[PDB]
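Next up: just one chain, as structure tokens, the form deposited in one PDB entry.
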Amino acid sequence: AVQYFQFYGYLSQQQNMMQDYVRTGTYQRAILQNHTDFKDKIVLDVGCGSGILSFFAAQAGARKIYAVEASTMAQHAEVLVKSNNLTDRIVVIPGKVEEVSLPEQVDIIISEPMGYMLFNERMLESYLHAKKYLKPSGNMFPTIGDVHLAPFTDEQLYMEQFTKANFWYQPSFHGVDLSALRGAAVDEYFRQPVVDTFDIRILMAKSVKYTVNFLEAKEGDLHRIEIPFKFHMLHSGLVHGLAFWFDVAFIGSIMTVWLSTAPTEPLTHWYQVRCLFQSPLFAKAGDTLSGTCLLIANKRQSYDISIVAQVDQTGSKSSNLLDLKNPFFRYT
């Protein structure tokens, strides 16, 4: 938790995030296209970072914005509030949203709590916790999250896991036989979710969607996420694993604005995530690939990912158990 809050305390990290043009532009459009939803309202910005969303709320004419930030980035937000002449309208509160006092309830909660595969962020539970401050009528921005799963074919990604483990084949590394660890090295590589982008031509079926309604979801809902799937295969070939991405919708009174991390959309700093099966499955177009993706919260502000899949027409099955704490950042 010291490491988590140290990470977010750096202006270099805020700069890196603010340079995702899709992320910045989409949040600004969501808030300002729905300006009637903010004008003269009370706003809570959960994990405000440098404060940009609180400035967007102010741009839309919000009367009072409580900007809550647990890292030392709170001191930098406070400098921008003063320098942009908004000490009347933005109140920066240093601390955890679970531990601070707000002097009143709010019309709307705004946040950017999304991790890789949507869920990989201790902030999303904190976002749902913040609803204790929301008036009964109140809204959340974002309002819903859709996680998308689709089967992919990519023998280059599959074969890379073996190639990276080739080091361990050496029978005389400075007189040591390393070969007994080659299997363990391959296994370790297979248990890392792969963060990068890819051509949509690797996707073999239309995605399945798991929707979280942030207006309705409770903190505890995110501890165990079970996503059944049945894919109608549109392509014939080896299925190497599942690809993951997410959309969030800001459901305003004037319009719904989408932030999509789909591989059909401009690239974001979320990229996409791929989880290999331990062994690939042959599917023909018209086959069904059925199974379950289970995300179980672990104590590392991350998730164990269990995937089981079978081709219904053959009974051929595979699985994997991955740790989203140790992702492989493959993007170059």
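The term rigid core refers to the most C-alpha atoms you can superpose between the two forms while keeping them within 1.5 Å. Positions refer to the first chain, counted from 1. Compared with the form deposited in another entry:
Just one of the listed positions, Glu226, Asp199, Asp177, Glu216, moves its Cα by at least 2 Å between the two forms when the rigid core is held fixed, and it is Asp177. Taking 2 Å as the criterion, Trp168 counts as shifted between the two forms: its C-alpha moves by at least this amount when the rigid core is aligned.
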Contents of the next structure:
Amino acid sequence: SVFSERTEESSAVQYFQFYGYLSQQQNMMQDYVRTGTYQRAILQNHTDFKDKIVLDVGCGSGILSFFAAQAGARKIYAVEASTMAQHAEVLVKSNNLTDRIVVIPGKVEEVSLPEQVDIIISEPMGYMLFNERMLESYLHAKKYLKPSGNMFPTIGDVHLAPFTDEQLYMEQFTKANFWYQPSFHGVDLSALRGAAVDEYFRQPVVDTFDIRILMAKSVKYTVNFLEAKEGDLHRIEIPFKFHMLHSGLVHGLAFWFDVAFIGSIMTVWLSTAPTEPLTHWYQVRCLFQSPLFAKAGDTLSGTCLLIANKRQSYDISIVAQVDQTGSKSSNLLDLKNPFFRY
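Having seen the form deposited in one PDB entry, I'd like the form deposited in another entry now, please.
The next block holds one chain only.
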């Protein structure tokens, strides 16, 4: 299938094992910003669901399908590849919704649906929006979408901004400098210091921070899920030009994302911005191995390049320069090995 062709079996096994746990579903369901915003998006846009046919891509517990049923959907096909499909079916029966929600076990790339649908719903967002590569499954599912059908969420905006955080930088450097020691119990480790620094700086940092660390207004990169093809997410090139508002050391780029549910009644946003209540996505920071000095009024330009890999994640390339001095930094990060600092 499209899924197995792009995914190493060992990554897939671990991925679906992880989502098969009730405790993991519980953790996500308890993220009230997420669950509450989805419910509001669906219920306030009840006309997009009333008497409609729905596809729920990766239904987990089934929660979003229940919201589609509360909004009056005629039929909801709830697709789920983990063993959580069995628990979803239990809930559909105990909530007396067997006439409206149909659980379909399997990968959305592999199953068969009996009819086309009016609207697709899902929660396919990972860290930095793209981690887990579930957006590709979401877009793949448009093979089932009627012409002029809708997608909830409809669009995703990735935000990036330069930050200064000397304490974060020093923490990662302090850990790598373990490998400087010329006599760790009598052993010279220092030939590995470079490899250690590289490994630590390849880890995106997942946690939150005060917005005062941001040195310029964010640049926005938008993916329109109604128009995008799955292949568009294999290589994602994000150019940026920041107008520096504060002078100082730039230690890296911070990332967050917003999604919008563009319904017929209203547009509802779910934001993971550092100005908004915290979610289990936090925000993500990519450190530079050497920080760049910039003055207020300078321009920091470059490209963030995300290349999808078979471990359901991305290899991240960030190249940035301060245009006024030609100071350049090039960084490679492995989104599959984040440092969970929170």
